[PDB]
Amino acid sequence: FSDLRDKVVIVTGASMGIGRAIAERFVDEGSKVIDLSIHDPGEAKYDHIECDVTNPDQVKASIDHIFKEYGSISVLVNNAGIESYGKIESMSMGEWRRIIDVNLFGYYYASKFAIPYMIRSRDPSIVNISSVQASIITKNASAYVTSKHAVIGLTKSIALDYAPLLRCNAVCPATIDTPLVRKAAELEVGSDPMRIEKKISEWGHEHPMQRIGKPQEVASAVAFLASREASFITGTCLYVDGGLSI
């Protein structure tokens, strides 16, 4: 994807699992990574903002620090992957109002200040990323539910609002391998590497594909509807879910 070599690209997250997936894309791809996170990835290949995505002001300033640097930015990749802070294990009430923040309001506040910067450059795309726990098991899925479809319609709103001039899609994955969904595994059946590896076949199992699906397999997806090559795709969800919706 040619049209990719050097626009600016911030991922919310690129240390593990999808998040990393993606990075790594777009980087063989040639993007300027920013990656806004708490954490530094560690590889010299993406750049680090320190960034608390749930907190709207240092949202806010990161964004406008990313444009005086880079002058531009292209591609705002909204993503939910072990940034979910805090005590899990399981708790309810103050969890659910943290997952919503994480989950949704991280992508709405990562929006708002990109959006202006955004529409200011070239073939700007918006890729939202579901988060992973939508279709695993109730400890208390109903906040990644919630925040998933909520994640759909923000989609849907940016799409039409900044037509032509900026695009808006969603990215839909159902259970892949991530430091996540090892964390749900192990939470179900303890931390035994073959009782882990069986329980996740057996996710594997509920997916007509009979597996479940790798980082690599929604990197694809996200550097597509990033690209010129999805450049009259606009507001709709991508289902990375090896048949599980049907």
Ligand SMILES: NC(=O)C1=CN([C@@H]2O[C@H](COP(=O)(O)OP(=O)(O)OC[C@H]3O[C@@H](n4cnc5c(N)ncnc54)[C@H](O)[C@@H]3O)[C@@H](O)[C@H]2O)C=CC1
Second form
4 protein chains.
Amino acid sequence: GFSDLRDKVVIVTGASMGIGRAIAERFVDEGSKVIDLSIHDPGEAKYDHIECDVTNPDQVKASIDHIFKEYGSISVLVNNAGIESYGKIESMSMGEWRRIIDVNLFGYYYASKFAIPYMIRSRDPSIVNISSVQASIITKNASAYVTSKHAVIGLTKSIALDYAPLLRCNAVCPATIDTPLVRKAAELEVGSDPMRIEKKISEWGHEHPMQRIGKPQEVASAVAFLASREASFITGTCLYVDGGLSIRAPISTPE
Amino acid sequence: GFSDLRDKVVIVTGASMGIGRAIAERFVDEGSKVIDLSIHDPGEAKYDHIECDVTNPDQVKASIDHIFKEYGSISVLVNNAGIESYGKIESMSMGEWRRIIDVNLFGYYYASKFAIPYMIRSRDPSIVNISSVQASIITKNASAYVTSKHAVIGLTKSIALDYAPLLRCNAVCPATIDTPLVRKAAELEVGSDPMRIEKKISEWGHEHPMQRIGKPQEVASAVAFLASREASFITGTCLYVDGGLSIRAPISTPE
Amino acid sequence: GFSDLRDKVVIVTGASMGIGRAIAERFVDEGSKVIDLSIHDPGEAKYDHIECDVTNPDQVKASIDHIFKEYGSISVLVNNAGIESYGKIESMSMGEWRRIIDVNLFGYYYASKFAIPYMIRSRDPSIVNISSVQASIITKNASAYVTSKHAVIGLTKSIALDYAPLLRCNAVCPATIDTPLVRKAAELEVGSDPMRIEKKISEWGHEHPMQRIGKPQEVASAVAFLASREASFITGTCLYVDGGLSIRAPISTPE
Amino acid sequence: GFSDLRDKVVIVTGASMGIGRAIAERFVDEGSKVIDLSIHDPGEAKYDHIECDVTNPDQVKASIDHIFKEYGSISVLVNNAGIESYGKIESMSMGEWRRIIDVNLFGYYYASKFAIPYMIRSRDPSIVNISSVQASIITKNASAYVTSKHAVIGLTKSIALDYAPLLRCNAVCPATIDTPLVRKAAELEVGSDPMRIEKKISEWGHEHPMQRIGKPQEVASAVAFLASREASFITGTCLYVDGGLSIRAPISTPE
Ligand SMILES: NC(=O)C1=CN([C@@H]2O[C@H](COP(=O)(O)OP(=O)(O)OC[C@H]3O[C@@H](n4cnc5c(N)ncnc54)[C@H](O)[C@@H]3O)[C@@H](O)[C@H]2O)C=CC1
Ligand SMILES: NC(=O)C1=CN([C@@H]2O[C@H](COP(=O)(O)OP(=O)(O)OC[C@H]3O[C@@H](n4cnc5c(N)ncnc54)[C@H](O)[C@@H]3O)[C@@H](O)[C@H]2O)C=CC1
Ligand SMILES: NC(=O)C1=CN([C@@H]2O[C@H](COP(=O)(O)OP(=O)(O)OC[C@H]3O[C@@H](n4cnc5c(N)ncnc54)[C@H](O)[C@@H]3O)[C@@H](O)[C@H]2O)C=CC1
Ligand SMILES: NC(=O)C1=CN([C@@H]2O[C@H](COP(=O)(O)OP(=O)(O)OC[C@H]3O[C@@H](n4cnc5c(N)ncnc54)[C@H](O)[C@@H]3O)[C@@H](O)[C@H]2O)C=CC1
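The structure above corresponds to the form solved without the ligand; please give the structure of the form solved in complex with the ligand next.
Entire complex below, previous chain first.
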């Protein structure tokens, strides 16, 4: 593991399930003091939790102010909370489109804006933003989602350039990962039959060169690496955790 | 010139000055029927002008309705209206940060959303979005602006993927171009002194491999190309009009 | 068309068939004085032809020296000659692997190296290199080919940075285009049955958002644009002519 | 540390100094069995050394055979050996240009080609190729070098796609790192004066957002991560260790 993470204060948004829960648990295993900021109670967890809607800047600010007072510092912020709904620009309501940008982009902007002043008071603070492989290669009927994930890359670069060398900021770009969001996406296409759901997920996995979809813990490893001093000269980039998806052209060749 | 642009209905947002004006003027020269949607009156102009705030959907929708009813079709939409103000994520007010996103991203979203249903009924529909070289290499203290330009790329790819093959959507990514926005940028940095602003602009030009900043007409050429049938198999991409800026590392080598 | 190309001397390598022939014909239509450098006689063509193997630097140099003496100048060089053979790094002989790099990369290096001294003696000379969508998203069993196309992008950037602002150098990155090379690739997979060949090509076309493969003339339009003064502030970039292929993730979403 | 690297057989080319040496040393610290394949003797070293010219396939193949027979497996191959000399495409001799391609690209090709059959029989095989930040943003008068680094990216993606899921292949893209190669670069530019070389290096460091050049150990950290099981769903990508250099536009903004 990354020894330097032990005892450091780490805030992870949307860590009550999926990738965020995996990230929180990894930091706990690294010995960090972890706090989840989300709108769902993970229940019995080894990490702290504060009810917090990332689209509410006042609640985000209050939650972060509280964490700094309670723990004494903030060394790492992992922006992960995100949602996805589907629809063509002509079918999705303007309200839903905006809501996706609000959670996926503005949530990252608010958490970063309020954590940074505190983070720079710590040694070598680091922010890791979860974007998507869709910051490069995209899916259909995902206008708002795709737009928000591209936006996250811009925010990441900006924070990195604006606060270097004191604080680093990077993003992780995962392809399909086994999480509630993805299980839900499969159900929305094939139903609740666990047999048909596995077939759908297997199909997606076969589209990735690695021949399977990723596991939450695999994204967590990338986040821990970027948050650690092992990535001391890495800032402003996106580390793709995509099983090779973003480099594959879907054009057959003779075998 | 591109003979297919003749008589085509072309909408350009933010065409009362700078790059937008040069784009409208180029399409007028190509024989197109051009309409500017902007908050400022360009005054004496070879193209039509409609007072329109791109952040007001009611106004955007009505302007587009007026254009379709009056002209009978809409073949090209160039989203160009944009603004920029500076500040680190810590200094800029949340209101100003949101405003930049509203004009630069939501303005493109509203115009695209309301124009698309009309465009898909028209001939060779094409949307060109003006992003920035900053969708790749970025500047300091420009968090909102940079985020918005990356967001535009995502919006561009999604429209391209969701409406191909009938409609194409591409972006143009300009580096430093001689416009009022750039003149303002220099002034905000070196003051109102005309000869000093001149020096600042020259400096920026020398940072570009082409050894000068770009001209609005050079961006217009790229836009006209992408809007034309000449770009019939080009969709979802950003054409960089940056004088080589995005491929230059600021590291000297032996001469 | 691009009026500025009329009467200018344009050299196109590998213009005896496919994309190269399409490029040569487009420049002829633009009024340019075109010369093909290839190892195949296009037969009755409106452009000049000189037997020339691009892997032979002496023959390349002699052919270019001859063109400058005969025509008086060289304004545009289009590096297009290229080959593709398939094989895993473990199956393809080292000789064949090297041969692909020799034609695809060294051919571009030689033609550029010998044409440049002459080109800088003309006004606003331009080099256009044909790379591939595979400079970004790649196919299986195409090690040497993929490597060579990535290499072409590096050479393109280098030439652009080294000779700006006098001479510009850009690349075109096509996805699947209807040419002998592609028809051959299909046959290597399904045989000579025109019915089965069309089905294979149709399959590839459906993988592109545009729902069809591209036409040689579509790549030619991009080359003409980059070679012209319409692209005066464009250098060091690759213009993707891919029907949206490079921005598509092969992961289904609910519809 | 990464516990899975213990006892794994790791081959590092060009590990007698600079980045290569730091990489070998890091793997030795992780408990791996490390062998350096390079033309120069590192002398007193914690890892094994074998005199090997990466451009000589007979020698590369024999060295890899000796390693597999002696150690019983090969789990990681780090291609790092590389050279750089300067000159515009017009001044550098063709022989020197070809040599840079031979060492920087063919060396990676030979080592990968001969190691792969052994690696696929081993545990968690992973290949890490050292490219450069110049696979994106480039320097002047470095045609061969830049071309070779872009080529390495293509080679990386193809090995990744052709051998997934059993073997992973990624690249690391460093910006300026304190090594003899960089010391030589400065000397060739500002002379042998030690304090002037110091000034030149400082200047380059200040061009990086992190405000300093990188350390060889920082590149080694990225390599160890990508070679480890922690990067189990990461393949075909380049991890940029550039202190933010590739995302920085050299254009000033108001402060
Ligand atoms: N699952 C996948 O394949 C991929 C996921 N991602 C990204 O990874 C992140 C996590 O995704 P998943 O674990 O899959 O989804 P998930 O739905 O399982 O987890 C989302 C978490 O976000 C929290 N959340 C949602 N809206 C919130 C709000 N307004 N305020 C506070 N918390 C809120 C939820 O409480 C939950 O804990 C997201 O940013 C997602 O876009 C990126 C690429 C792929
Ligand atoms: N000037 C440069 O170097 C670059 C400009 N760009 C982009 O090109 C576009 C044009 O930029 P410039 O001509 O330089 O700037 P500019 O300030 O000279 O022109 C902006 C135009 O936007 C219109 N506009 C602003 N807010 C509006 C609103 N709410 N509703 C309707 N119209 C509105 C204005 O009326 C004006 O005509 C922008 O999207 C900008 O981000 C991208 C890269 C470089
Ligand atoms: N067809 C496609 O889908 C794509 C083609 N490209 C590139 O476009 C270029 C043209 O491709 P195509 O027209 O499809 O292939 P093609 O095989 O039809 O045409 C190749 C041309 O190269 C010439 N040539 C080959 N080896 C030569 C040598 N040693 N010296 C001189 N001339 C030589 C041939 O005489 C021929 O005229 C190549 O660089 C190819 O890699 C890139 C992406 C896609
Ligand atoms: N130093 C820097 O800032 C950067 C270095 N890189 C890359 O990192 C790698 C290491 O670079 P450095 O340590 O800086 O340079 P270096 O010159 O200090 O080390 C090069 C190593 O390559 C070995 N080598 C050279 N030719 C060889 C051959 N024919 N056969 C076997 N071994 C050979 C040498 O013995 C030496 O140990 C290279 O691939 C370089 O292109 C990439 C970006 C930046």
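We call the rigid core the largest set of C-alpha positions that still match within 1.5 Å between the two forms. Positions refer to the first chain, counted from 1.
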(message) Given a cut-off of 2 Å on Cα movement between these two forms, rigid core as reference, pick the single residue from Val132, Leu104, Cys168, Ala114 that exceeds or meets it.
(response) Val132
